[PDB]
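What follows is one chain in structure tokens, specifically the form solved without ligand DHC.
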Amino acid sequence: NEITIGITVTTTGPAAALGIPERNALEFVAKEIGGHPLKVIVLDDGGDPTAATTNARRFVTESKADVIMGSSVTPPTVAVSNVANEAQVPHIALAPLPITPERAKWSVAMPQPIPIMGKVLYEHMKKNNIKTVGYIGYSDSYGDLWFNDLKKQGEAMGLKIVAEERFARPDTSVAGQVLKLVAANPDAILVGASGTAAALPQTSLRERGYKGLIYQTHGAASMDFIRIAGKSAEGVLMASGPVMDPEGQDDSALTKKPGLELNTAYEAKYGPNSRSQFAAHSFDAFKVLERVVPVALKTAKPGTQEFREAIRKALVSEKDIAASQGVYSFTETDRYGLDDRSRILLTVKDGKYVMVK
């Protein structure tokens, strides 16, 4: 019999920049584990926490999913995590989320934790003698995480935050906010945003004569940003998973071969430079499944609560799961499980991503 996996990701609207590659990458992941076929149900949630919740409730109660995953952006991901921790179903998040005790038991997260990504950003800042920084980010939980980290790790690195501004995901101008940022004239701005919307502050800043450095989060790491921000993208510094550049990893790097293996297949189909931060999350989720699922199969059969529980326990017992974005070791309190083998710094030169470090 089948192992059932329910995935809710955004394939419509502008957050589809993140969910469409996560969905596309399912073509290349395992098809069966321990001789059981994978039944993989994927449903669009349009980026909406209400829709993600409904999809998750359906997966968990009607399809009797063994594992759920999603979503593509933080707020629907919090929602799925809440369903999962209540229904008692293993959940692999495909976007960062704040891990509270309510969420920690049943959810793990594939994306690098914000502070690991911020460190690479702030280190580049210090080395370049940047001191004043301004922030523009989402007025939701992803914007908060990145602002909380700038305030905390960022100030701990000797930076002074001079301005904080926020905008909503669907906003089409940040005119008023950018004028406040430009006025404070900071040495650098951090943009706490992602895909399509990450390019809004990028273009708006340059068009209003901002002269400083602009830094972007791993939420921005796909071609869609470059496509939209055009020349405004040039010289940006962006945090990224190492899947954006497996070619430049050393041959001993555990992430090298799966990164190459994902990217070769994905770019074979979708065109040159079509790789992303985002395709690699669903790919990596299935690499974790390839490790913990045969462990769970020792003590329970698919389709049961005993099977859900056994996967839960396997997630915390199996160390060093090599994937394209890092080497994952989850624990009962660390639901991200990643260290520094899981980040690089990109910039954009001539409409292309180049690895800085």
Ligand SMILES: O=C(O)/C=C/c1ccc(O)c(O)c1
Given for the second form:
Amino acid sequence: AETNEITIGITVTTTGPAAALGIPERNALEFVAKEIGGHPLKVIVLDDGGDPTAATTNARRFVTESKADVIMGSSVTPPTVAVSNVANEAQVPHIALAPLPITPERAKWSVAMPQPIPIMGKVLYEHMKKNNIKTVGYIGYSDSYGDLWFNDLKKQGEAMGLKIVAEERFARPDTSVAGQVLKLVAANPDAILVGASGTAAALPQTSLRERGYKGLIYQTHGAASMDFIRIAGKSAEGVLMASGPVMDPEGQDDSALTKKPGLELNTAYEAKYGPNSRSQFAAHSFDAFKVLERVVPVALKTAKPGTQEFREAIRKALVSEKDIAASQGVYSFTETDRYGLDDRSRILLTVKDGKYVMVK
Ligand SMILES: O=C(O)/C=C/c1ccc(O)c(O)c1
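Next up, the form solved in complex with ligand DHC, please; the one we just looked at was the form solved without ligand DHC.
Zooming out: every chain and molecule, the one shown earlier first.
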């Protein structure tokens, strides 16, 4: 088994609540390379509905039925963890499209495109300090994503002089967070960090304001699309939100390596879907292909697509190829840094009169 095409399996969430993340990821595939080194790319896209069991099945199908050289996904963290388990057992390179906890068992075959939590937390906690915030409450998912954030707030947050005074959790599918909001408003912190994503991110935003909270609200990069503003409406005003720089390529210097790729994606996306349809999420799948454009030609020098040797050559190329410019950042993976990002990979956003504005 050795082939002319390079086979890429993608599992993303295009049904259910997390479709707010996976649909732009799928849509961005219209604008990525169709061939690398003259080899056509065979891209198989499967929905997982956000479910780790479905993601596990899809990922294994890509290995066994499709003989994939690279697997990508998923849209949210629990199925992403599942994909990483399969990829590490099968020895297939995996580009994660949601943040996930890198452990030793996942590090060999997995890299991640979204900004790591600590890089995003740093920009949020610094703004807190600069705005005279001393006490902070947290509301987030009762799963690995909500844990990543809470654990960072506690470690980074306390170390630069923030006090956590309240912690509440909710489940992704929950339609109400009334109970949690009552306890947060009762604690009355200066600021609240919401550890959520997509549509669910807007539920604490609206409930907190409707319940009369008047402190600062901070949101994570999981919330970084126009849909958050659509859902939260006036309650989104003054929110502070971590995002990738693809949200504002126009505001970047021509010397930013992120600028040309951001403009390429946004011009394509917004030509089809309209002004200000850009998102954090479209950029991740687009950027995964930018990485492949760098690493696949290296692997082609020494190995045939469809072979374990090719999979191994991609794995080694991910670490040997430095400074891969993409829309969301400049990636330099190492054997221990599976995200490969630095300060060029984030900006801080606020919302003013219903639009995103960069906090300068
Ligand atoms: O819901 C989650 O599990 C996290 C989702 C998430 C968070 C940050 C990103 O950049 C992204 O594409 C997805």
